[PDB]
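The chain that follows stands alone, in the form solved without nicotinamide-adenine-dinucleotide, written as structure tokens.
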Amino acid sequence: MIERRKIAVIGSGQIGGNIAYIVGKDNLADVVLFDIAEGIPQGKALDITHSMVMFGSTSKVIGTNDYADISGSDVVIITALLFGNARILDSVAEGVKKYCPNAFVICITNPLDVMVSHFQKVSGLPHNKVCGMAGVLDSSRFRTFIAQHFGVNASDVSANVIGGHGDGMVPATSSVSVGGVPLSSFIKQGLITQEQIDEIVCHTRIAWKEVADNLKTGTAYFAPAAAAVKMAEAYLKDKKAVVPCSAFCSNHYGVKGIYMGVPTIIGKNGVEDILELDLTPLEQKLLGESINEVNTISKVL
């Protein structure tokens, strides 16, 4: 039988608000914008609600502080200190298991891989149904910077970022393709140098700071919101789409069962598969260092 798709967004900050806006604008689902803070989620939901007619959308967008309102959610996006982040996840995990245990859960909470692992543990949801948003944001930046260099549509650039965050982030130069032309082929054609590739890789790692330093009083929120919506579409439309994200990886990249940044295939069953990229020896080590860092910090919590 037909029910409207339902996306619950936990946290009415800047990311959460724009997720609700975009979801509503696209008529992808109804939105429940959850936050404990009084007024904020109601105000944004009312504001967004007024725009629905402007976009020709019939999506319903409401604000709340009651987990009961996320009952039957198809997707839960969690945007809401290490210990403090864990406290928030624990609270949502209880809400999700009571009211929407079949939900696909997308975490946007640092340190990502560790926090995603924690939510899976405390919620007890299938590992394939819990993931984290980072790779799509990082990969989109990576693709954009490569696109800027060649003067081409970024959508026609293939480029994935795997691993964790900061220096744990691994932009896989070996994954890079423009219109089917590999990066190695461009070097030989004299259209790019290894120095310029290294700069793009470095630029991908520090892009967050480029935005943060310019915003002065906050971090990026337009692109992280778009990324989360793209992950939610993949699930809701059963796209079998390639989504770099923090996912439960076993028997790929030499790990046996751990949350890490990988190129997944997402569909109606959440993470349905993981792709194995060719990595250079230095990319192997950086990926190994990222895995160790997640595994070690998971010992603490």
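Positions refer to the first chain, counted from 1. Between two forms, the rigid core is the largest collection of C-alphas that superpose within 1.5 Å. What changes on going to the form deposited with nicotinamide-adenine-dinucleotide bound:
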Second form
4 protein chains.
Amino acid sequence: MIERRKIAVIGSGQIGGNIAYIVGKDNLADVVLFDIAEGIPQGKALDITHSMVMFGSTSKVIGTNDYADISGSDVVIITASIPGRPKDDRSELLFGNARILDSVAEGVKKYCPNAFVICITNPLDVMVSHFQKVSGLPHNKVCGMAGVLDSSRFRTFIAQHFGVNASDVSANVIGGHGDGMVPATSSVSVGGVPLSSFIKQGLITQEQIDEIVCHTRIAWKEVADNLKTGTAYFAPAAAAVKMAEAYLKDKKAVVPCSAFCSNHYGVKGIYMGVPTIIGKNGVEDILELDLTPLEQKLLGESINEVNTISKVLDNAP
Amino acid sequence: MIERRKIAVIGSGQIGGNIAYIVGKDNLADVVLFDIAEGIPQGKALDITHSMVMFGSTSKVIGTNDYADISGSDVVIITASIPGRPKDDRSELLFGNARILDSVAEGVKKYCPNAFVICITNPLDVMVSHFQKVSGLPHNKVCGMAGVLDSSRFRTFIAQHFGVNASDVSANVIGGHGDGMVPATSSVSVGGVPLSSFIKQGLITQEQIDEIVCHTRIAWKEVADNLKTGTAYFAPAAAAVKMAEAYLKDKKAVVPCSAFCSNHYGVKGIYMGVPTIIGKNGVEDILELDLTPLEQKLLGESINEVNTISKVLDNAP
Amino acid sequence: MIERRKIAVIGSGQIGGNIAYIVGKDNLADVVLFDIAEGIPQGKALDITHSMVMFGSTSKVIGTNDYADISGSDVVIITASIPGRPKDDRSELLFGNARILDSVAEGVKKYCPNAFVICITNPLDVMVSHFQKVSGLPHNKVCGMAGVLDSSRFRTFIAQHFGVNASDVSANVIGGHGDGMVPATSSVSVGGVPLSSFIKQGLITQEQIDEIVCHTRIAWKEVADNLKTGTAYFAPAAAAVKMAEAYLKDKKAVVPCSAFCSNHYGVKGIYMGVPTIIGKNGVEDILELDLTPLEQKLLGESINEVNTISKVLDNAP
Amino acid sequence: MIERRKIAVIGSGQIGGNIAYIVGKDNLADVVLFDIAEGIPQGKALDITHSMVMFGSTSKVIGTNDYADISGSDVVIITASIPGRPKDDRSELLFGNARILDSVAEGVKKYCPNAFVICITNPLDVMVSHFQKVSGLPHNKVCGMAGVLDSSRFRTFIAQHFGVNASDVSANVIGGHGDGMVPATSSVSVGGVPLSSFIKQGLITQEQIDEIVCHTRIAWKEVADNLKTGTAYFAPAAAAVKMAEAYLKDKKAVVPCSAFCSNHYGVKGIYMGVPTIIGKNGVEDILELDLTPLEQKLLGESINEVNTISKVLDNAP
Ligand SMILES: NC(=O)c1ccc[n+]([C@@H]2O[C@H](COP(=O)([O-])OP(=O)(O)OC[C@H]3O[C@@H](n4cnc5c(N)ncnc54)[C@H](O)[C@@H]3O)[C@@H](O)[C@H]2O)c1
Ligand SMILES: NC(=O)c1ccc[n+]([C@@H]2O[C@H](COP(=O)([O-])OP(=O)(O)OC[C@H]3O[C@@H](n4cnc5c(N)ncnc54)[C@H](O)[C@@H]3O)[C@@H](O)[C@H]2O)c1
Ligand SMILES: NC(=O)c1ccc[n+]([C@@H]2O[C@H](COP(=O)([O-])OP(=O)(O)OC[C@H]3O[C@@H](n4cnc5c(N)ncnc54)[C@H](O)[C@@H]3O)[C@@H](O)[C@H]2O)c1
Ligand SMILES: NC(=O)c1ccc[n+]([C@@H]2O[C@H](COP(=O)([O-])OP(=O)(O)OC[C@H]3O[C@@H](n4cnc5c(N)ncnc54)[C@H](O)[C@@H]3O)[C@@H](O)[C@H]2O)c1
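Following the display of the form solved without nicotinamide-adenine-dinucleotide, present the structure of the form deposited with nicotinamide-adenine-dinucleotide bound.
Up next: the whole complex, starting with the chain shown before.
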């Protein structure tokens, strides 16, 4: 029996609404927009429903406040969060969003425990780890969207320097989705050409590369300070959809995301940004980049950053 | 010389941002997001830029507050308006938005007078007429988005009754974008089958048809009541993109929109919702539907309702 | 468990290869190209495989001569046929292609009896009926591609007259895929406007309409006489894919195709061209067009044509 | 003035027809299918025209034998060649195809001298050089399709070893389109990970890499041996479309193709397979890969192999 693909979006704010919009536009799946706030998901679902005929999609998009409606969901995308943008650090939402995810975990565990779960809620890496422990879902079926967003920014900034199509830039950001984030310059290439060659050719300087690395790391504030009323939401939505595509279409796509890293990068069992292979069984493998001694040290510092915020959460009131 | 297609979006609020997102996603054109509000268009443009590599698009999307940047725009889409949603009627925003469109008119006249202009700002039909007068652009290069949204809603509700793909429903809403809009039930077909045949076959009643007609006319309120923060914006954005597509691709597509009707539907020279043919020369034609006497009268009421609001604008302080 | 969608293409000639190409391009499913001819499916599958990375699709396309490889197929598309184009009538291939379908029926019945089967092999309507009887598959899970091709031609010719987008022309061809084919002029509309109105407006004559009807009926020879080495294959392939999409995505799409018509159009249980609704359960409903007395008579003549060729087959050597 | 994009396809055989099909499907441009063979281009154009409404495209596709019809073409793609496949080497077709391209050269020079020309006719690199000389078009507006096909094969085979999405493999083939082609294994990465790292990790051996390199170079024979009626045509068609896209959309895309290399890879002014940047001005740049000494030598052999065949053409009867 052919059953329609089904994606549950938990939290129908800025990011949640865009996800439903894009999923519906692509006819990737039916969408269930869940929110505790009255009217909002229903209003967005009705609005998006009207656009479906315009896009030529037969996707159904509905709004709900009832976890029963997410039963049979193939993918669950968690965007739920307490109000207000972070001032200086994504960790400011730690305590509130952890409690939200406790509730979301009970909903998923009861109504769709076989779903592939993509966490978006900040602070991403710690939230992903929290959700996995509380929900009890397999490690390979729970991950966090971050790397795709960070790497896309990294790739975009490199592409903007050289004036080329960003799709032809290969570039990875790894580690935690925070200031300790590691854009791995060593394995950057533009159509096969490494950055070291472009330096010799006089087309880019090491200082320009450092500026691009810094830009990647602080990119979230650049967007947030301009929007004023919140953080980025167009690209993070698109990124979550790319991850859902990889699972639903069994792409074996290489996806940088927050995944349970057990026998790679010198860590013994932690959720952090790593290049994964995603397919019909969720996170199916992790790829090991060729890191320089400096990059290994920077990754080490990112890991400490993650563990620090995680311990703070473990000692929450 | 091959040149990139360019779409200027005047007003980077709810609808404007979504237009930029979708246009970018489809790689239909480069986008210039214009707004007077500080930060907003810049923030959205940067966020949407980060998503382009995720979508595999090379569209550039920039934010600005300078009309010089809309220079050489192939299409201009106007979403600019005063804040706050309408409580009962779209006409409450009349005088404020008229002042705004004067600024846009002088901007377009100076920097891109050959552009195809699609107005979205409410009250739609009067705003379109106003923009054409002040800007001095050809009647065929200036129209308003409404019919696509209204017809899409009409098609969606018919499709939901019969349980079929809305894309296989043909249906038009004509007249002004307001309570007086005419969902032409005589124009309706589902896979070639007219509503009269469905009544005879006992697959729909006249009461159900009346309900669908009513639903269409007040659909905006159903969305707005649930959103709380404002009016519909996912579907209106998509509708504008469909109209921009018809122009940029020279589709010769049937597009219900607010266009200068000079010798059809028993009017002499007025902007109202009619089925047009849109291609590379803007509004290239208007189709004459086979309206019943009741529908002709309903359309007459709509025309007067439009003329009423238009005269009030002519008698300004 | 997410399993990839799988389409089996039985016969890897002109049409079969294009189907695999388009399915792969769209990433609609994995494709199995089956043929008894050595090398051909394998060569086409390898060639098409190389194009997948270019299209950004992860679809797997393989060639085979083994029916075991079509097990678990969601859709089976039958293109298998004896060599050579028909001279004057599609019925010339009757006896040979019936025997091929006996063999194909055994393959499907054994390895994928729950598949949605779309027959393409000519003479279409009789071949569809033959396959259903020999295979023993449910009537709603076996249909023939024809109406989509015939209607697309009908729509295209109307659209070419008016100089508009063919997607905005609603037009149906019903009955058997042969000379008795019935393009139903009565229910043609262009953006809501019926042909009767265009006649009054002086934009089309009844003689031009008759020419378009004739063109639709003899369209196959116009293509075949130009190609010389065979019959049409680009559009029939595309048409089969549209039908596969409707099933796999549960579109509830209105699809004119050869379906088992039991309580409609005055027939008591025959495969002929009718507007169907297709979804995850195959042919889920049949729509009844509003036919004129003349059109009812023409349909009657088409039905006789179908029954005549069917009786000939029943008395085969 | 908005004008439709126009692509002329010179030669409506296996590849030419597929190009028209895909270009139409994507609504990338209008297509003119040119051929001297009677009926063929007309038959394919009509067949493909019928599919346009199925794809929701408004692209026009016409067939012709008159060069006046390629007037105003933005892109010209040359597939014209003498019949019969190569047995061992692509160079067997040298003199025949050279005569053909003289006709095409004079046609393009007369009717669309500002066109971007993509040659496909074998022997590719020599034919490209020949067409440029005879036609007198700028070096940057004339290139050949080969690298995209060779690189796509290379990427596909690497991806199949690692079991990942080929789109996430970066890999280049450079030099002439023949046995001397250089799959640059030093350029290869899979999600940022180079082959050297995969060897160290025990996920691939050097022998397996050597096999992949060999597979790439003789991939054309594997397809041709299985097709029997001719050489590959699904993937070569798709490759040409990707190149046309880069030009028409001004992508600034990294495209390995046969381009006029004047001051890179240690050559003075020759057409050979190199990574280019393609945008609205044709070949806008050439990237310099970080080749090993072995790869530099292999490339040197390829350059001579190309020069050999080129000199034979210069010494015609
Ligand atoms: N991982 C990343 O790269 C990344 C990028 C950007 C934003 N984010 C994060 O994503 C989250 C969402 O961002 P946003 O802009 O959509 O926020 P938002 O405030 O617009 O939306 C949050 C929504 O969650 C809902 N909600 C609150 N409590 C809930 C509960 N218990 N159950 C269900 N829903 C609940 C709210 O009603 C609201 O609609 C934030 O935590 C943000 O920091 C992450
Ligand atoms: N035609 C339809 O069917 C339809 C449907 C929905 C909404 N609308 C209308 O579309 C308009 C926009 O809706 P929205 O939700 O995007 O509103 P919004 O408030 O989110 O956006 C309006 C934007 O216009 C900007 N603006 C204000 N003054 C300006 C000026 N002088 N120049 C340039 N920009 C200026 C604001 O900064 C704001 O960003 C409204 O008038 C609404 O009623 C029409
Ligand atoms: N329904 C329609 O609208 C429509 C339109 C066009 C063509 N057609 C029909 O579709 C059929 C295929 O057309 P085509 O151009 O692809 O023909 P083709 O000759 O190019 O391909 C037929 C293929 O079937 C294979 N074949 C033969 N016997 C077989 C068997 N027992 N099992 C499996 N495969 C076998 C052959 O090897 C060949 O590759 C023809 O009957 C044609 O008349 C139908
Ligand atoms: N670059 C690559 O990687 C690559 C890959 C595959 C094939 N090819 C080459 O592409 C070419 C075409 O392949 P195909 O399979 O389409 O061949 P084909 O024989 O199917 O098509 C060639 C067409 O050219 C036409 N033609 C002959 N003389 C002509 C003239 N003077 N003007 C215009 N048209 C003329 C023929 O009528 C025929 O339709 C071949 O040379 C082949 O070797 C190149």
